[PDB]
Structure formats: structure tokens, C-alpha cells
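A.B. asks: Single-letter residue listing:
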Amino acid sequence: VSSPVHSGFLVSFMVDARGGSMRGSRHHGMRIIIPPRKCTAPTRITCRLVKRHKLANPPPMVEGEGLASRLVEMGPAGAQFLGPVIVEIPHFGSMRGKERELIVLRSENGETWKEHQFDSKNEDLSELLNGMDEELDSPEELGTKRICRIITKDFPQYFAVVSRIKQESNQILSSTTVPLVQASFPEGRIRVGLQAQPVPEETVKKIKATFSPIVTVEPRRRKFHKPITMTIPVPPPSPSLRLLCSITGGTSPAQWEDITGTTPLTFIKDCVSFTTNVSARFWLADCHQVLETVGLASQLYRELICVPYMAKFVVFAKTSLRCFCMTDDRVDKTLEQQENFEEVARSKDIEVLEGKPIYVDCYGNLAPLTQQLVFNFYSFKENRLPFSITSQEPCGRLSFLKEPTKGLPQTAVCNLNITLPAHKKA
Amino acid sequence: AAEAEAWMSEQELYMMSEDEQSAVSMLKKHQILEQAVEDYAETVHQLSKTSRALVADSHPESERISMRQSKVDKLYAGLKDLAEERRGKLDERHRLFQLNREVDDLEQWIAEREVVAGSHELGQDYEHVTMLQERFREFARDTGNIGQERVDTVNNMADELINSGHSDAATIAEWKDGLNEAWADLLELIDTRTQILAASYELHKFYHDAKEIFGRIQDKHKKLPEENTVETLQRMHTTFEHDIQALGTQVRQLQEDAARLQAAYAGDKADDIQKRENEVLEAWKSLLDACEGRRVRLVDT
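Residue numbers (UniProt numbering), protein chains in the order written: chain Z, 984 to 1154, 1161 to 1177, 1182 to 1200, 1204 to 1234, 1248 to 1328, 1335 to 1385, 1389 to 1407, 1412 to 1426, 1429 to 1450; chain Y, 1601 to 1618, 1623 to 1831, 1837 to 1910.
By construction, these hints were calculated from the structure, which means they are not laboratory data.
Be a bit skeptical, because a hint or two may be false.
What follows is a list of derived Cβ distance ranges for each label pair [claimed, not checked]:
id : chain 1 : residue 1 : chain 2 : residue 2 : range
1  : Y       : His1724   : Z       : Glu1123   : 38 to 46 Å
2  : Z       : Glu1357   : Y       : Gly1722   : 39 to 47 Å
3  : Z       : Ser1103   : Y       : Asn1767   : 55 to 63 Å
4  : Z       : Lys1104   : Y       : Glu1891   : 38 to 46 Å
5  : Z       : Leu1125   : Y       : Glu1711   : 34 to 42 Å
6  : Y       : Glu1891   : Z       : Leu1125   : 49 to 57 Å
7  : Z       : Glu1312   : Y       : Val1628   : 45 to 53 Å
8  : Z       : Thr1328   : Y       : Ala1715   : 40 to 48 Å
9  : Y       : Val1720   : Z       : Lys1104   : 37 to 45 Å
Some residues of chain Z that are not near chain Y, with every Cβ distance over 10 Å (derived) [said to hold, decoys possible]:
id : residue
10 : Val994
11 : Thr1023
12 : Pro1025
13 : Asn1040
14 : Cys1131
15 : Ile1134
16 : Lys1136
17 : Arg1147
18 : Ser1261
19 : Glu1354
20 : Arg1402
Virtual Cβ for every residue (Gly too), placed ideally from N, Cα, C.
Please put together the full structure from these sequences, using the hints given.
C.D. replies: In C-alpha cells, the structure reads:
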């Protein structure tokens, strides 16, 4: 005779046993589903994204990791549900097609962080014939929609969505991203994982030397009982081959040194097999000038650690032009709607790099008075670009590219066609 | 006059440079320099008149003089213009900082009231939750009134700065979003606290009502043994039958409450509600047996 509820919430809402499918009206895509007969008392559930202040000791991300979404505050600090409940949070972290993964971190109190594991998943039973139902179409549908689903029997204080290079792990290992990567440790007890990083030729050329996939074992700086055999692909040639290694632990930034002397570099069919008693980052660098490698590697490593973010480009205008690159930022920005701008150009989501500047070019329309102009993309920040701006059509097309050049053409990241309003002369 | 150019250049250096207390003094100093610039204006007007020296028609440096006096005029007029340009920029900083204090004051206020509504104090007994609910409802009424006065005031104040054309009004608007977000977070928190109280009061009423009905049902059962036939028959039909009809309506009404509440809870809390409701029903039925024999009912109902 009674039915579960379904409504939109900014940050908090009340839910009883009857049920609750709640869409976050603030942050689109943020959904929490409480099945029926799941929570026992009437309870105030809060799902908040932290921006007012910086939390003490935020989640411990190693080098190259980065937060997919912001940090989420749960309402009841240690709420317990008999059945499982669903918390869906939109992120803006680009996965580069199975190259990257998402680890789910939780803080119980706010001091320490650990990983959230869920026992199993059975969508029909967990829903418990919920009227709203509509668990998003498929895991692939989640991937295309950039929605992170967390299934849980109890809320912690803080949840964290983290983007990292995918790690292959078990309780004789090999990468599921690059095939010819293998670590041979005699079997027989704890869990360890291995991550293999891809390297692109174009990005390498931007900053003489060739490089292999960065092979990494997640529990770094650990001495195994016996040495472990490592098999790594051979970078193409440009003794020229060299092996780089980094033992910096945890969050600490990596330090690279050349270990060619301490490493018997056996060869097995376009590979390098060798032994090591210590767990650390390993890299092959093939270039004839031996002394240069480490420094040049550092120039690449700093570039590689940068994390990708599916950003949208937006162009406002007023008779003058504002260019935003945004991820979860409030669309129809309040400053513009106040200052009488208009949303002349939107974009599809295109992968861009945080901390890396993106250059703006205009083709077929007016140019700024100005010395070219640029801005960087900082994730979860509002990146604002102001603009000081024949007689047939006002149409113009502007492009956004990571590289500055006119010597050769560089493929663009975004390409927005735009059209002015011509209300009054400016 | 030759030194005056250097003297003006010194002011030119001071005027070009980059909390509320710093800005308020900043502008305090700058106002004095503008008054000092007016003093130079008195020097420039006479100096220009003296430099002219047209009647004498002397020509030793007349071409040079006509340029030095003109440069002095350009030097002073540009300097005065620069004094005004900074004055506006400094005033913007003071106005910007002055408003920021209020936004933070309002933001602190919401943190305070948020704490009040954060308080998830369920209540010791029914007599308590009634005070909680009838107090909190007044606190929400007041907050909702005065809070909106201030947020409207700060938005009016912030709208004036951005509408005024502030050189810093990108973080003014960022602040506006931040405040209005947090305000609409408090109202929303307030509401879910109001709801949570209503739910507690509804359960507390059921538990308190259960004690009273169970007491009344069994208490009226004790009166039955005490309980000629013409007098008793009239006494039962006239008063006793109406008494139970009233008592039964209360039991059924209590039963309705049990069910309404039963939707919203589950598990141990639901079980205890069923235990008390079953407790009332068992006592109620127990009275119905003992009472059945000596009972007069009208044909109609």
C-alpha cells in the first residue's frame, strides 16, 4: 500500500525503511539507492563533495595517482544497513581505455585511509524489486557515462575515488595492458600487484633516446625472501641499452638511477630477463649517450605522472569572449549570467592534462589585441580565459592544442565552431 | 622648477606599487598625497605663469623654456591623473575586503546554525520530543527569516560590487556561489531535521499511547468483577457499552498508528512496535471474553 521514495537532493535527505532512489540535483549523475527494508530507522543520509576546506591527511596517492571525483562526505558516520546500498558518484577521470583503473578509498574516522572492498554483486537481489530500479545499462554504460558505482553494507566517514595505472594482482604474474611483462616469484603468503605503464612516441619526441613501458610493483621497497625474475620488453634502438630504477616509497616523488652494472640483462626474445631482491620501479632507456639518460628520463617522468581528465570546453560571449575548460564546474557560470554573456559554444568531453597548458587559436575570425595567450587546466578548478574582442558572416572556428608552431601541423584536442550575437558595437 | 620635476617623479614612484586594515590605511595615506598633489598644483600654476615671461620677450632659452614649462604641465597633469587611477584601485581593495568580512561572517553564522540542526538528539521521552519539536520549529522559523535577510543583503552588496565593475569581481562571484550554496544547505538540513523530529514524535506518541491504552484496558478489566437485573441491564447498555465503543476506537486508532509507523521502520525497532501492539491487542481481547457474557447491545449496532 506504500511505496519507496524517489526525489532529488542537494546534500542531505531523510529515508525510512520503505526505500529511496535519490538523484543529486546539485552534481548531476550523483545517485544514492536505498532498497526497501534496508535501513532500519528513519535516518538522515548526507552525500557531500568537499570544497569549503581542505581535509587533514587526504587519501595517500602514490606518484601519478589523482582523485577522479572530489572527496565525498557520508551522512551517518558509521551507518549500517542489513542489505546493500548503492552510492553512484560522477567522476571526470579519463581511463584511456583499460589503461587506467579506479581504486575506491574510504576513511572510517578521518585519520587513516584504506581500500573499500565489496564481497559480491547481484543486481536483482540487491535492488529488492525497487520501483525505480534502472541500474545503469551496463558496466560499459557506466564507463561511457563516467559514473562510479560503490556497493556497500555500511557508510564510512569519507569515500575517495582515485585514478591510477591499472595493476594486475593476485594472492608468476604478468600485465594485462602490455603482454610481454612478467615477474617470476616462486609460488607459496600475501597479495602483491604489478603495473605496466605505456609510453607514446609522439609525447616522447616532444621532450635522442627510446624508452620501454614503466614496470612497477605496487608494494615498493619490499625485500623478498629470494630474488625475483623480471621480464621487460626491449625499447627500439636509437652499450646503448640501460636499465633505470627507483626505490622511493609511497607518496614520495620517484628518484631515478642507472643500475646497468648490478643487473645481469639476460635476453629472451625481444625482452630483458634479470633478477632483483627489492621491489621498485624499473625502466629501460636505450640511447648511446649514457650520461644523459637519467636527466632526460626525468624530463619524461615528470610528463608521464600527469593525470588525464575528461574536460568540456565552453565559450561564452558578450558585445567580450570567455573560454572555460571545466570538469564538474557549474554550467551557465554565475558571473557570466550576471554580466549578460551567452553560451555560444559547447564541446564534447575531450581528454586533457592537469597542470599542462592548453593553447588557444582562432581561425577565420577576430583576434585579440595582446604575444599569444594561454591558460593551464587545473582539475576541479574553474579555468577562465578572458578575451579582448570581412562583413558577411561572423562565423569563426577556434582550436585548442597542447603544443604551441606553423612549422608543421599538430593534431588538435578540441575544435569549437562559434557564432557571435551582434547586439551592439564593442 | 627643474627640481619640481624630480619631486613629482618621486611621487610617481610612490603612487605606482602593488586585510581590511591594510586597505583602509592604504587609502588614508593616498588621500593625503592627493591633497599634497593639489599643493603642487598651486606651485605649477604660478610656476607656469612665471615661466611664460612673454612680455620680457627674452630669447636666451625661450624655445627651451617653452618646452620645460610644457613638460612640467604634462608631468603634473599626468601625475594627478595617475593619483586618481590608483585611488580607485585602492578603494576597490578596501570595498572588496570590507565585503569579504561580511561573507565570512554569514558563512560563520551558517556553521553555527548548522551545528544546531546537526544535533541528532532523538529525545528521552514523549514529553521531551514535544519540546524539541515545538522549539526547533520556532528556531527554523527565525533562522529562515533573518538568514534570508542577511543572504539577500550580502547578495545585494556583492551584486553592487560586480555590477559596479570590480577589477577583482571573479572571486566576488565565486564567493557568492559559495555562500548561497551553503545557505541553501542549511535550509535543507533544517528540513530533514524537522522531518526526523516528526518521525521521532510519531513513534514516541505510539509508545506513550500504548502504555495508556494497555493501562486503561486492563484497568477497566479490574473494574468488571465488582459489576437488580433491571438496574444492571440499564447500567450496562447506557454507559458500559458506550465506554467500550470508545475504548475500542482508541485500540483501533492505535492499531492504525502501529501500521503507519510499521512502514517506516524495520528490524529490531519494528519488532518492538509489534510486541507492544500485540501486547495491547492481547489485553484487549482478554477483556472481550470476560466482558462478553454480561453485555447489552442494541439491535441496530
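A.B. asks: None of the hints should be skipped; say for each whether it holds.
C.D. replies: Hints and how they fare:
{"no.": "1", "hint": "Y:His1724 x Z:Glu1123: 38 to 46 Å", "verdict": "holds (41 Å)"}
{"no.": "2", "hint": "Z:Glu1357 x Y:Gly1722: 39 to 47 Å", "verdict": "holds (41 Å)"}
{"no.": "3", "hint": "Z:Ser1103 x Y:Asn1767: 55 to 63 Å", "verdict": "holds (57 Å)"}
{"no.": "4", "hint": "Z:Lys1104 x Y:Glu1891: 38 to 46 Å", "verdict": "holds (44 Å)"}
{"no.": "5", "hint": "Z:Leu1125 x Y:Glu1711: 34 to 42 Å", "verdict": "holds (36 Å)"}
{"no.": "6", "hint": "Y:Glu1891 x Z:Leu1125: 49 to 57 Å", "verdict": "holds (52 Å)"}
{"no.": "7", "hint": "Z:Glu1312 x Y:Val1628: 45 to 53 Å", "verdict": "holds (47 Å)"}
{"no.": "8", "hint": "Z:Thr1328 x Y:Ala1715: 40 to 48 Å", "verdict": "holds (42 Å)"}
{"no.": "9", "hint": "Y:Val1720 x Z:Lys1104: 37 to 45 Å", "verdict": "holds (40 Å)"}
{"no.": "10", "hint": "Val994", "verdict": "violated (5 Å)"}
{"no.": "11", "hint": "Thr1023", "verdict": "violated (4 Å)"}
{"no.": "12", "hint": "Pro1025", "verdict": "violated (4 Å)"}
{"no.": "13", "hint": "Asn1040", "verdict": "holds (22 Å)"}
{"no.": "14", "hint": "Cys1131", "verdict": "holds (23 Å)"}
{"no.": "15", "hint": "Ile1134", "verdict": "holds (20 Å)"}
{"no.": "16", "hint": "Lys1136", "verdict": "holds (14 Å)"}
{"no.": "17", "hint": "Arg1147", "verdict": "holds (30 Å)"}
{"no.": "18", "hint": "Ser1261", "verdict": "holds (33 Å)"}
{"no.": "19", "hint": "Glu1354", "verdict": "violated (7 Å)"}
{"no.": "20", "hint": "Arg1402", "verdict": "violated (7 Å)"}
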